[PDB]
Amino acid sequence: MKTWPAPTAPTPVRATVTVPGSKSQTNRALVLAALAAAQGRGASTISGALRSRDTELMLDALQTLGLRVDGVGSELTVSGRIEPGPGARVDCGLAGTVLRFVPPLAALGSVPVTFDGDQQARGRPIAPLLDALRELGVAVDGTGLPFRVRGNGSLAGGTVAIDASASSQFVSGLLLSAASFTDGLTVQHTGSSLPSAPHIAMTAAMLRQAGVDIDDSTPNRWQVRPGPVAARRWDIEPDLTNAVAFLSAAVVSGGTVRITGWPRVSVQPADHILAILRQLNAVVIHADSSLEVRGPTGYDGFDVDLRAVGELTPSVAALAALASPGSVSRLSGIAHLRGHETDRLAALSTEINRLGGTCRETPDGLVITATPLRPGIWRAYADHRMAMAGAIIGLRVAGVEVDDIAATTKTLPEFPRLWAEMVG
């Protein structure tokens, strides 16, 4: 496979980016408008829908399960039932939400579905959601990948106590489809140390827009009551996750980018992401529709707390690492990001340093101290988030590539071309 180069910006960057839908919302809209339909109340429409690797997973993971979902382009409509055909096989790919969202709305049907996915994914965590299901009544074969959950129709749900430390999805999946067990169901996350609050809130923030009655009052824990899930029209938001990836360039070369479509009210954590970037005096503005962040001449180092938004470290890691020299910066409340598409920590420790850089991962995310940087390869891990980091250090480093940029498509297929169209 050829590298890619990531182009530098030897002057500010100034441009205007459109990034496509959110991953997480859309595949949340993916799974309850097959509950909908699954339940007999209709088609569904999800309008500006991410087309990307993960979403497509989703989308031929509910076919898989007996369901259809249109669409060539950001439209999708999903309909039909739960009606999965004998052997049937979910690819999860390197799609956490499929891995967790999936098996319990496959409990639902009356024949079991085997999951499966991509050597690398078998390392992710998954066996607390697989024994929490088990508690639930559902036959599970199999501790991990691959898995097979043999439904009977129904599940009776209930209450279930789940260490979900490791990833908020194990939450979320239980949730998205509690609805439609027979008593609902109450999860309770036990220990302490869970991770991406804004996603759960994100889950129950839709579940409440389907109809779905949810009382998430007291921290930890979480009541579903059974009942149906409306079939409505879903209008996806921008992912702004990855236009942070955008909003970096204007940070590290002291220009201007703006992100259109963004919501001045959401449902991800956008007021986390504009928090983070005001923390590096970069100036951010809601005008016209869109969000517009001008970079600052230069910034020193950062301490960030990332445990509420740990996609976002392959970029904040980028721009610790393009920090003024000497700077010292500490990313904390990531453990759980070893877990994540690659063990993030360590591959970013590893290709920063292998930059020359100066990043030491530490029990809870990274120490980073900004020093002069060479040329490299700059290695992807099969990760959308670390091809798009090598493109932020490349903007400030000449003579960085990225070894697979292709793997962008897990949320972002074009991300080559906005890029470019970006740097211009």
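Numbering follows the first chain given and starts at 1. Compared with the form deposited in another entry:
When the change between the two forms is described as the motion of two rigid parts, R232 sits in the other part from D343.
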Given for the second form:
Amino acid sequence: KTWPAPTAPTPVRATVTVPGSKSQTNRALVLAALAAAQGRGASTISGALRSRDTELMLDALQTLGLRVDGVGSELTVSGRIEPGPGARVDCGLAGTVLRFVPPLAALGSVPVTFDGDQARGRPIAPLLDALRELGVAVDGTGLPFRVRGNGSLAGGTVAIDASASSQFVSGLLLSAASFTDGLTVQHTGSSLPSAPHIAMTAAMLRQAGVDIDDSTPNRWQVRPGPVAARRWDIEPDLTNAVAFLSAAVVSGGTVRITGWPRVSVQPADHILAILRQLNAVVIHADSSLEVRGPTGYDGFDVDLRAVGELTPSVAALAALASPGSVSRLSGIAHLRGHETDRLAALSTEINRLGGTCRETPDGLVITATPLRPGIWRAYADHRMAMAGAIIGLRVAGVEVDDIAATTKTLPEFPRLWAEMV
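Based on the form deposited in one PDB entry presented above, generate the structure block for the form deposited in another entry.
Single chain only below; no partners, no other molecules.
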């Protein structure tokens, strides 16, 4: 039933390896597969996330004939795409396999069936139409569909709403180096404000030496060529990393996160700015980031438009500021429209534990005040669960209602969190 959040009555002192980003893990797996398939060599992936979804990707690559080896977050990909008879790739809840793997199957010379199990889910017929437009011999308007590999994918130019289909656009860009004519993707909107997943993809392609030109607004062009075999050092995912750094901040202790990049495409700078304003010590060394928390801090006003995903951890920091302190978190009105309304959730849960959190047109106003034991609801949301864990470091008797909200995303979280404390 409930998960007792461990308390840190003395400062935490810990070195933690935070698992890698799911997005980067799946991107690296595809780029490693393509390099191997092209005969460019075996690649290694260090820091890979191991979860149900990344296991499904690993299985899909092995179905295509690639050799996958490793242990935990350390993987090697090698061999060739040679699927053989009756090859079938399970996709299921990993909408990622469906979007990233069909182009790779098209490089083989046999049929590969993609299957999974609703009426109320997102239709994939348009995805299949786009694959056909680029030269994939695929028949279906849904699952199951069969890519009939004939050793090449022509490529060309496709128009798509890259905001609505950003994962599919990433999938096409990942494999585009192998298309005969390359790929041009034209976004059909006149503006595209935030496309972090497409930008991550483009940055990773450049790390693999692929010629990608994204200099024109709303357009991405990849030229055909080899994908380099690399040592892919996957960056800790920023959201999860911040939960661990927040434990240093609230406990007044030290957390050192290993395998941190010299420069990151994730918005690490923005959160480090906030931590610096709470007077935490922040040291960016060799291949690690260390944060040491202060004995306490007062309230802060921060606009989180650029790092909306960090709202629950930041709200936890605000609730643990010196009593009486007022914090205003703004730039997050838009978050109300996401599947999970974390503003309503955060206000309810802080208030359930004896706190003071007010919803506002642009965000949350939190008054730090002493809290009491209770059941912190996660609402089946991993970020909400980590926020309760942060609160629990300082408040004895906080229990997160169901930690499965986090373990489905980050299986290692409860054990790594307990080892840290």
